[PDB]
Amino acid sequence: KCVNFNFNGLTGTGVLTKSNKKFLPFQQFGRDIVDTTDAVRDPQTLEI
Amino acid sequence: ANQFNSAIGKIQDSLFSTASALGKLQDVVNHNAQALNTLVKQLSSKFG
Ligand SMILES: *[C@@H]1O[C@H](CO)[C@@H](O)[C@H](O)[C@H]1NC(C)=O
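As you go down the protein sequences, you meet chains A and B in turn.
According to UniProt numbering, the residues represented by the first sequence are 537 to 584, in order.
According to UniProt numbering, the residues represented by the second sequence are 924 to 971, in order.
Just chain A, with the same shape it has in the complex:
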C-alpha cells in the first residue's frame, strides 16, 4: 500500500514489498545504480 514511511528518520513515500535482496548483517539499506534508495531494513523485524 502506498504510504508515507518514516524508517528511523528516513522519510519517504511509496509502497513497501517483500524483498529477495539478501542484505549482509552490517547493511542497513540498499541503493540503485543511480543512488536511489531501492530497499530498507525494518528496525524492529530486521526485514528487507
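Worth flagging that the hints you see were computed from the coordinates, not collected in a lab.
Misleading hints may appear alongside valid ones.
Residues from chain A shown here face chain B by an in silico Cβ test under 10 Å; the list is partial [what the hints assert, rightly or not]: (1) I569; (2) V570; (3) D571; (4) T572.
Backbone N, C-alpha and C fix where the C-beta goes; we use that ideal spot for every residue, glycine too.
With chain A's structure known, arrange chain B with the ligand on it following the hints.
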C-alpha cells in the same frame, strides 16, 4: 540471378561481421540512455 543471390546471402553475414555501420543505431540508443542516466544521476548532487 546467381550473383545477386550470392550477394544477398553474404549480406546476412556482412551486416553484423564487417561492422562499419549498424553502430549508428546503437550509438543513438546509447546516447539517449546515457543522457537520461546523467539527468537522473544529477539528483544526487548537493549543489552547495
Ligand atoms: C525489537 O524487539 C523485537 C521483538 O519485539 C525483536 O524481534 C527485535 O530484534 C528488536 N529490535 C532490536 C533489538 O533492534
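Consistency of the hints with the structure:
A distance limit of 10 Å between C-beta atoms decides the matter here; for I569(A) the minimum to chain B is near 8 Å, and the interface restraint holds. Interface restraint check for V570(A): the shortest CB-CB distance to chain B comes to about 5 Å, inside 10 Å, so the restraint holds. Hint on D571(A) holds. Least Cβ distance to chain B is approximately 4 Å, under the 10 Å limit. Interface hint status for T572(A): upheld, as the beta-carbon distance to the closest one in chain B is roughly 8 Å, under 10 Å.
Consistency with the previously given hints is maintained throughout, with no hint failing.
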